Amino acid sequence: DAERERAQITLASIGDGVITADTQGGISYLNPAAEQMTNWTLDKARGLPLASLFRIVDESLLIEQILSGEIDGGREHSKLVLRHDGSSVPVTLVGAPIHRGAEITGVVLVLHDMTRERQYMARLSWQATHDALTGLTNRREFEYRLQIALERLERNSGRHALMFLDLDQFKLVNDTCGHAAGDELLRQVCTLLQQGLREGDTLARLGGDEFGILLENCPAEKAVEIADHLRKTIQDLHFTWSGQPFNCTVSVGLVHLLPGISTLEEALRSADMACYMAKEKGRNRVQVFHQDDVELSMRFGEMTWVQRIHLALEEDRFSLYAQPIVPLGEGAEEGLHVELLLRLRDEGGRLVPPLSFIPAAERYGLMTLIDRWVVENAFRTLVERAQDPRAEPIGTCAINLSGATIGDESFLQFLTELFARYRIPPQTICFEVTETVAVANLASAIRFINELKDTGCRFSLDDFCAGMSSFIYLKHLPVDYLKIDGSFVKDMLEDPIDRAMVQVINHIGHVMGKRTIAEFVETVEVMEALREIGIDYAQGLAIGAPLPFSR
């Protein structure tokens, strides 16, 4: 009837190839995109078997049965459309069975041409100014808007207000529930912050658990009131994952800005200091930046952490633990592989959680000091351990290094002296940097990895996620290993997207010559899923717990 005309126009408005066929393969429908993809019109193709017109194969018998039984309209399947004349078209395929009520009458195929991706200019433009997960503006667009707000000649009558709000429990949800849970929590916090702001305000996701807010031409008191409202609004959120709730809060840093006097870098640094202060003072609060109040408090904090870290070093209260990393490949003979983990005890002998000292040690530039103690005591422990002729030889000793060590020019001289003093083969050492630390100082990370590899050391890129940016960065980072962020592994057996991310990290890591490591392997079921996938190494509670390493 008239339904046909409407359905045709609608399916012609779809950019992807749409193929409808019977159980035998006889072509019932093709939209213009499918026609261009197949090199066959519907007038000529109608009724004829699919396989006698073109082919749909894997990268160099029939796909119909796979659709009606096995594979369905869930995940996309990478295929080639062989035109049996003009070679091929690379596509992602989705297929679903057609029903009459109970009777399987045919099949629908939706084919996306991989080659058309470079033509989506509105999407590319959107992706450069927005966060792919939340849909909010990214750091790039946010800083641009903040710079305009500070330098613009028009609509610059009042004072602006910059906010940094960190979600306090992001890491907790991401590690204990998995990546999918962390993503859902960020999307809900995003909705709630959007709901609490008005048109004219910029809301961004700056990275990880951090959001950015810009209130343009906002009086001082009003800005501080809005911040307190948003903060309390997050406390009122009831986030749950598989029935399990979480108490969500934000630590907020607020800085009042004046267009013409306030600088982009000064603004960002101020909101950062104020946000850190809000966390230092409790975590579920707002901290308004003041020139006297915040600089004195940061100077006080610097003095206290210099004393705290040095006293902990002087009183032999730092220690090293070792967690095993095992190969998942057959007939393994590489020697014990461990990752070293730092631990700190307080004056009473109680273990100090890492978030109680590492963020302060990073903030106050005390990490090169910690890294130097770690590396030296690792070497010192390896020598002592080697006194035992029966001791299981260590083939790999993985050590994590901070951004501050990455940018330190004197580290290589310190390391050369450690090799001469302790006689550890450089080859047995694997230094690790997170993907975040590497990208934050890219040029210095590239030089640092190449210099250390020239010494004979190995390198690992930790907390890695798949993406075009990550794989582009990986092209320039000559690491030996790629360590999958544990949050993907944690729920890979429950989340099909986290399972697919593990598969993608593994496949691409291997294409780029990297060996792959999965962390947070807490069960043998996860371990066997990773082995089926092809991951090289595994680490977690199913492999072995962190054990005392240093004496």
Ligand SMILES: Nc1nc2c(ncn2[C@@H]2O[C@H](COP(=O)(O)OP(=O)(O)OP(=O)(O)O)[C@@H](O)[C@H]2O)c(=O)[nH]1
Given for the second form:
There are 2 protein chains.
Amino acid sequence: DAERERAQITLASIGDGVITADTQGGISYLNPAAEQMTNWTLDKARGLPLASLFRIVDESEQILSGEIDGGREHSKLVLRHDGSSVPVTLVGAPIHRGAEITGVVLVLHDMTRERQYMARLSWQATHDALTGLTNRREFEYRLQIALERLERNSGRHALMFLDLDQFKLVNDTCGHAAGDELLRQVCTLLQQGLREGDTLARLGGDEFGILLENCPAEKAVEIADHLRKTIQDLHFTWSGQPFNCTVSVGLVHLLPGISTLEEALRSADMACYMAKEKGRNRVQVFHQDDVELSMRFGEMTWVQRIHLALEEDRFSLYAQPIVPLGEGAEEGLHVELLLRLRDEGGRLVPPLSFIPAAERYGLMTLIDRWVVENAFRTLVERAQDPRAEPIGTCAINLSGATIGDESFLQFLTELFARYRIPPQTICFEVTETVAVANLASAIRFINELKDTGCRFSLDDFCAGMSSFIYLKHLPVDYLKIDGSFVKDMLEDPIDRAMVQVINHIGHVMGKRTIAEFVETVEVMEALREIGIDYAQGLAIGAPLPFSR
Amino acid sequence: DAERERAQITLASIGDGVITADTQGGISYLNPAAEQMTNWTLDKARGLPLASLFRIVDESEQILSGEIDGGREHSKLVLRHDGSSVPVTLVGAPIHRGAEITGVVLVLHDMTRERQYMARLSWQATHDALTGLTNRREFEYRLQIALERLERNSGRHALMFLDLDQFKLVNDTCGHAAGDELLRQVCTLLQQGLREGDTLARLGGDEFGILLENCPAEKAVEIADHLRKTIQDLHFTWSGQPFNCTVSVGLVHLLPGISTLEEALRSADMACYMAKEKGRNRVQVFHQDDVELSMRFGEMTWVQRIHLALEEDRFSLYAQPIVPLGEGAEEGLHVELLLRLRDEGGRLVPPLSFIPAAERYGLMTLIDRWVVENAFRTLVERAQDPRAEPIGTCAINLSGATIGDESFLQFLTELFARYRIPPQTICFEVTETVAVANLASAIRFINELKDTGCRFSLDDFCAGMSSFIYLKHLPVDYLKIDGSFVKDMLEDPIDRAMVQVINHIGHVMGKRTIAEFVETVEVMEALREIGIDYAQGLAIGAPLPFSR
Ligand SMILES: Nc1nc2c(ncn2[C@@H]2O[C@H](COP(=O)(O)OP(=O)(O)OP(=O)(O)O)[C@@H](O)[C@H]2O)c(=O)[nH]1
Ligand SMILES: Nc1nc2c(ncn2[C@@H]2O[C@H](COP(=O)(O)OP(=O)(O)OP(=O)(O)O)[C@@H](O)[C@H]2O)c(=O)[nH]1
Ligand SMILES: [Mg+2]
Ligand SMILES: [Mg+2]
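The form deposited with the ligand bound, contrasted with the form solved without the ligand above:
Everything in the complex follows now, all chains and molecules, and the chain you saw is the first one.
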């Protein structure tokens, strides 16, 4: 028929190598990308078997009909025995007549070409890969421009910071895949709610940035409260399970030519934080005095609260085990230390009820110094018993305020001399987020501590070319997979794949891998098969009191 | 016909959204990816015009028939007026009957899906994006494994470092595109030359790594000299123009369980460097004494050579102008300082004849201290004339040895007090390579110097998600496009695109862009249209004597 002409132009427009072959291997179709990949033209390869022209090997075939579908991409090579190797990502699907398997369709994507996608790189550098919206880079650029521009700067602009409430709930409850969907759904609503000219970005985490150029004060607040309402009305559900999605909005009225970029960003931050501190699901319009006096008050309140607790011995330490998944590995006892705070009545205070405030008001060095001192102190008390399970690894999480703290090493040195805890026994922890936020200091800190003889771990680790590049510079011993990826590993094929990639590249880069949120033995066995070195979760052991 | 069944399964296996429409817009085909992208099924969209179902807008159509082909990818959005926006990279080709334009074929790739390609990320993290071979990460991993492995460690291994000779020649002569082809061609020969089990990687630049596990000493050297010969016999040509490709090989015989990874890498480096220092196109087998005594001798030779030159006033400084491309921009005179060395006879010494040796033997701090001192000294002498063209920017290149030098800032402070040159007038330069090689120190150095009031530039800048991520951490004022990209900008569509992306993302990140190797006004006008802030090259001004 004349359909061949239509299909051939479509098949030739596709940049990916398309190969169609009969059930027995004989070639039926090769598009120009397949021809260039295999070094064989269709006219010289038609009817001839696949294996006799080129090889689709691995790194040292009929499986497609069985189980190796086109759902997932498979890393193969194209060994052509002339011009040799071409690295691909294969996808295969059977060809049917109607319950009669007649052939095979192969979609082959050339890994060498990825470097040539200039529009893709450019897009990526200015947009969030998940949500599709502009990123922090592009947003801050557009915000700066709105203020510095010579033209079209007649009226005032409106900066908004919209942060999702209890977004960690969604991730720790269902997993990372669920949280990504919610983010994508939150994205579509804020898209529908804004007009052309308005700039909407994901600034990181569950935080979005909205810019309304040349829009009045009353109009600006009206839009914010409406967007707040539309997210409140979002009936988000994950595999039946419904979630109450809510947002905390921080609004700032801007002036082009007067108000600086860093002043604008910081003002929207205090207002967003204040809407949270004021109970969540609220819009907090920044006022230079009215919404600033509460920051001075909040600092005073928390200085008193953190110091009282410390003085009143209400902070305590818990220990959760980390165990080797490797068959034959014994080692010393590995525990991760976790902080707990009890109020004046004597009941446990949730983490979000004081860590965000202590972090905001620079009270984290205090707590980290108390944690480290009382961990070493406990280890001495625990050692008084000879029968006691000796701790080979005691992991402690440090904040960004500590990573940057010049006086921490002298304090740690002093602590070592006082409690005689071997440095080797201690494993300091920093999140991927905290490390990158203070990159030059993190590198400097990790190396100084490693010289002392301490180990280091990188927490809440995501996979990407960025995170793996940051990993080259961060000399940590362990890599800890974010729990959200482990939570639905066995239910979501991308989260399972994420775990596998974090593991492989983590092993490639000389790191030992740890999986958190291993709540069942099914998850434990899955991680063991993959190759994960350590497991932590409710299937391993629950957090138990450590300190007295 | 029954061809529809064959084509539909192929079209459904493609992950990219395929849209086929008539010349007048009416839809003919949508694959499941196109249906999911546009929110419209083919059964409910067949015959109906494109524009009336969804919109393929931009960020604020018939052009395809004219000029906007499927050769280059175009960044568009898919505004569907229901579930709103989907960010794509469009490619379009006309549909013919035979010189009769009947319709249009659109290949739409969803930018949101890029995050889900796990096999692609994993491949990327373990392989060079250009050459397709394993990267430094994977190679060092495999090398470590060869040494640390409990099993299959019977015999000895062979580490090889193959570095292309005068590879900068190919790039500065033809451009980056030519050099990439040569690298890809060098890759295919080393592929054909090695057997299954042998590990071949691009370790960076024009340097390749080869590992021959459980291969005798005599066999190991035999393979190296053969590979050296096959590259010598490579008749490389770029658009008619032939190039004599040659390689300098450094070989090390390894022992699993004794010889460490860093000892192995360093030994292959000294042997490769020695084959270069010994005249290039040679294989230098590392010998612990015989090929180590020459490193002590070479250090002695160069300490004497660099100090003599300094003592004998044979080092001089040249100045090359940098000019604004922006229409209306005047500014002060911008010059880039370049070092030159004259031998004992009085004739100019090529850069490769002393900078590789001075860099190898730690003599770069010396030269950088002489350059900076004599630049400030010249600026005072030049200022004695009131008529003199005042220099608003004087750019000086600093080495990795300087970026890491703790005593440089006190020396610079002293120089400032002695020659009273305004810090603002000085622009320090570091290559992307040097910055990343010493990342924590570069960041620390750039910020300390910026506080003094100096400007900073990032040289030989490549584009990628890695380089743009490194750029977030490096607070430089200017970004300098690598000349190799500018050389064939007007002849190669990818190098033109590279220039455009380096520019856009450089402007996004608050940097001012500079293009080097602007040898013609055609290149100058091209860069001006793109948006480049500054131009440097033989169309602007040639390097002229600066120092006396
Ligand atoms: N699924 C997913 N989760 C992410 C992503 N980026 C960050 N997160 C998670 O988002 C959460 C952000 O937590 P927070 O905003 O600090 O805390 P919260 O639970 O929302 O509580 P509030 O203080 O009320 O904001 C963490 O659990 C992160 O691991 C992403 O791209 N995808
Ligand atoms: N086209 C291209 N050029 C690259 C790439 N990576 C690095 N280069 C260039 O490769 C060159 C490496 O130069 P060198 O090896 O130090 O110098 P050389 O000219 O080969 O001289 P020798 O000292 O004999 O090795 C520089 O011009 C780099 O800019 C790449 O991926 N593609
Ligand atoms: Mg939140
Ligand atoms: Mg070279």
